[PDB]
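Spelled out, the chains give:
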Amino acid sequence: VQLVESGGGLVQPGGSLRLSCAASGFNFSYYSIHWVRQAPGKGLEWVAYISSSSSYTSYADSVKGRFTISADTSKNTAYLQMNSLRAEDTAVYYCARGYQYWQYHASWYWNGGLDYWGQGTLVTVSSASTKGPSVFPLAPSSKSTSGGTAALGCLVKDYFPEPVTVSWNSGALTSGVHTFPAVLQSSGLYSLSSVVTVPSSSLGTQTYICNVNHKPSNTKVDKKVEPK
Amino acid sequence: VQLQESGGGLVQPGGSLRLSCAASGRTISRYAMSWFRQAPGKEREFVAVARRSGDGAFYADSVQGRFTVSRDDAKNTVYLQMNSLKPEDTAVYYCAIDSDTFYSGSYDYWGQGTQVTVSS
Amino acid sequence: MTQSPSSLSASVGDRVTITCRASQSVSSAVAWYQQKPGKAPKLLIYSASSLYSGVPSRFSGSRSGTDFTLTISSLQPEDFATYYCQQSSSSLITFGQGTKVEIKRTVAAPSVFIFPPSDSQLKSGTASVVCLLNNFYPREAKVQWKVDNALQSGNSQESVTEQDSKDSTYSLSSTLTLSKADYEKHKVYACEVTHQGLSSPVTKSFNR
Amino acid sequence: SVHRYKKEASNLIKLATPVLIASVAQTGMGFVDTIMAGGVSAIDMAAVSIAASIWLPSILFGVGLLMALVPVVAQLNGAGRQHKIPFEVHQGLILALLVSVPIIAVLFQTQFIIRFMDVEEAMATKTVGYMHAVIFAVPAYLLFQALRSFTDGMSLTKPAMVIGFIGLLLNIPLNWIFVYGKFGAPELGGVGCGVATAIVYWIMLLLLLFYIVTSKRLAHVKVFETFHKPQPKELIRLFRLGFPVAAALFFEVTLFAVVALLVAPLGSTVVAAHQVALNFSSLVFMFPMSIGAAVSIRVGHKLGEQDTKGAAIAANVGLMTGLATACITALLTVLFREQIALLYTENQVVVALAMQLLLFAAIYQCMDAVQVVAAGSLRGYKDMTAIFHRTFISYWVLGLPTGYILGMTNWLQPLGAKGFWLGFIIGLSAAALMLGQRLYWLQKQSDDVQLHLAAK
Amino acid sequence: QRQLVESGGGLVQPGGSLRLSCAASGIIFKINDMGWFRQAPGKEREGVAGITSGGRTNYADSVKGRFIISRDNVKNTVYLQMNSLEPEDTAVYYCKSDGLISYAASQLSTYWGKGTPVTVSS
Ligand SMILES: COc1cccc2c1C(=O)c1c(O)c3c(c(O)c1C2=O)C[C@@](O)(C(=O)CO)C[C@@H]3O[C@H]1C[C@H](N)[C@H](O)[C@H](C)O1
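Chains as they are written, first to last, in the deposited numbering: chain H, 2 to 52, 52A, 53 to 82, 82A to 82C, 83 to 100, 100A to 100K, 101 to 214; chain K, 2 to 52, 52A, 53 to 82, 82A to 82C, 83 to 100, 100A to 100D, 101 to 113; chain L, 4 to 211; chain A, 4 to 415, 418 to 461; chain N, 1 to 82, 82A to 82C, 83 to 100, 100A to 100F, 101 to 113.
Hint data in this document are derived by calculation from the structure and do not stem from the laboratory. Hints may be right or wrong, so weigh each one.
[Unchecked claim] Quick look at which bits of chain H chain L covers, simulated, 3 or more residues with Cβ under 8 Å:
(1) 13 to 27
(2) 42 to 48
(3) 62 to 72
(4) 112 to 125
(5) 146 to 155
(6) 175 to 189
The C-beta atom is built at its ideal place from N, Cα and C for all residues, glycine as well.
Could you build the full structure based on these sequences and the hints that come with them?
Written as structure tokens, this is what we have:
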């Protein structure tokens, strides 16, 4: 038994998209398909469920009237069509399987649950064209706890959409390096930071290189971070 | 809104002691309470903290295990059981009340402190 | 529904218990799911007392009064994830706020560092000033910005990293964005951090 | 005016009532097998239902083939010959022995046929067991059919009734013994119905042989004394006279099987109502098929006397009695269209759909008496081949297309199974027109070619 | 749904007894054979017991000596008595009925049920 999802990618707000969930390894007429949405940094939320046919079908109140769920039993697929999207629907969608007559069986002593899930497809709604990052130094100074330990960083700003990956000395430094999660700015672009707590003895008199990779722009940004 | 420490004084090495904090004017049911210590001619460092019921207690690395903290909302009193006392622990202990609901750290009111000295 | 212990600082080999409070007189047993940090969630308990085939015998369910509790007898280093409770209301499935477990550890005071905007950013026209806190364990902390002793708000944004696998610590950073004119108008920029491991809040300041 | 019409009608109500009783006994013999295996399981009921659905069309071929033997012995006995009847009867017995072989082979290929209809393995093995049990019954059934053709031809329809009834009432205990393993017999189960039907058919054959030997009524013919040797010339002659009236009886059943195939896409609550209505119409058809056989006997006898006008009068009174009984049974269907639909099923949707279809079934029953009595009437005239031409070109060419056009298509809002039934009406009508106009030409042809063709 | 209505279920302590019933309408039920199928989450639908038109019992492998199926014909019901229930028996039980739709049909028809939950625990 296995579930596989499809669709996702980038959509302009007010557009539309279609997600397909294909199930293999059981009888599609004995179970029902549920869609569960997880926003970045938030909890699980229920979107819509469909039984084998359109006789049984339900949607959450928060997305009632926008989304629409249908099922094709011939190829064992469930399609969720989303239209008139808004900026708060960018999330990861999971496909889950449950009992067919779950509402009839629901009671104080019974709750079947959802057994098998999918990998989940990412759908993001945005209003910015793909752009490369803007690396910037975050070097320490003579008053950054010099003589003991010091911290040196590499900032990345205004990139979209692929996760901008970072490395130090082309992968030759991994002791005490932190890369904070991306933060969605008010302009629609993302920001990110990396830091290292390297020793403060002239930073070892070694050159420090922050290497930045952004796949859609295929740009191997290289920034020599030096003490001001 | 007053905090008063009690218990401590002079004690032999390897002994046992119990400190208590009395709080007046406020209810410690909704807040958290912590204990700090300051050695003479030194700084003030963290010792222990006890959060609301069902959240657990957290201790510092230096005094882990030998120290335990408990709360009593009926008496509005926090208790600190200290065992295996050492001369290095000779210091003035100050209680503090974290009034922030989300435990972000307030320590808005402290106590007058109590000197605990260890010497054979 | 109401998963009250939204954070649990549990150690290894200890018994843990979390509770889901159905905030309505609606009859539906709670099903308990587990989600690892990043992957799809798995089903643990159904009907508030049964045991899904495959999960270890440690997980147990109960329903005391009108709430539903889940217990773990021993906490191996594998059961460190987030847990959700599912209920049904007529025809709508409702999950919970969420409950995340946390590795207990001695409290550490964060070290604070301040980075002013670099001269390379000035040519663009917008300057970002950042302050980071490193090696602390509670997960809570307060970061505030003061420009010429004026408390700013609505202009800063902060992020925090996941727990490490070498000392189970944390780190966070807050960035403040200002246009060139506003940056040049002011004189002194300071970032203050308050924490439970700190006797008094610690401020890092710099003058341009 | 009446004149001779009342006299011929009374002589036709008798000699046809015993045939009706024999036919109801024959159908009850299979009904008992189905309704008595349903007391063991549902698998055993569906198995002995599918096996019967495959067994009826196969044996109907030989049963129709011997209806050529019927008017042959009718004509001789009418003229006064009564001394070449034994030779014809013996040759017909050998013909039944020969025609049993292809039917036995076809039934031996049952396991292949039940693969092309999605039958699970348990139902398949039970069906194969039933078929391999009734294969032994096949030759006895064909020999009994030939023997009853001899007795019927001499206008003696009483014995086959009694031996028929004794068969039915002997299927009840023999089934019980074998299905439930009583009295030391093996516990065959649902298969035991077939092994009891075989025994009852052999018993009926033995009883009918006994009656012919002693009788004291047929003792003058002395059928089983000479034992005439086989003659291929006559054997071919008596096969060319019976094959056309077997092809038609095969093609009618195949037509209804095909219509069952075509109405399947319309749903599953429509096919159930369709088969309920068709099953009831099958018994209401048992009603006028008995009149047709008696009319064939009477016109064969009267052509033997060289009484052309008498043959015509017998045919006409048969065609009137068929219509009258058809009207009576059509009104009772229209009135009690709900009680009959409630005996079959308990699904109220099915009883509503079948209550609507049993309104077209009434017109169907009214037309399928003018068809059948007319077909039997000219069969006595030895006009076998004509039937096969006019019946076929009116059934397959008309009903199946106009059923599809007025049904699942709209080349004329597509109607449901009430379109297939309308096509059935359209076919049965004009079947009862071609078969009704051939008779009128025959009844008014030269007064000599009638007798000459009556010997053909 | 409509043809078959299951009744029974609830919270049964381990070692307890339960009696499920199944009411049939729109079915001849004198020639249709019946059965009960469990389906727990994670597993697949499986048979528990089945009775034919003649009352022949065909209990499953790990059901012997614990479940007894009975049937009534005056009032169309199929009873399933469960004894010595263990925590492995928690599932939703479905009443399945297969048999001829009418006396004129040849292929049998099958009707399922909505199902009744059965949870066994303290
Ligand atoms: C004189 O010919 C016969 C002589 C002896 C037995 C038989 C027949 C005979 O003709 C016959 C049938 O024609 C039919 C059947 C049948 O058993 C026999 C004989 O046994 C079965 C049938 O009704 C089914 O498909 C259901 O099983 C189909 C068919 O009836 C079709 C065509 C009929 N004209 C009638 O309209 C009926 C309603 O449907």
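Quick rundown of the hints versus the structure:
no., hint, in the structure
1, 13 to 27, "violated (count 0)"
2, 42 to 48, "holds (count 4)"
3, 62 to 72, "violated (count 0)"
4, 112 to 125, "holds (count 5)"
5, 146 to 155, "violated (count 0)"
6, 175 to 189, "holds (count 4)"
Checked against the numbered hints above, the structure breaks hints 1, 3 and 5 and satisfies the rest.
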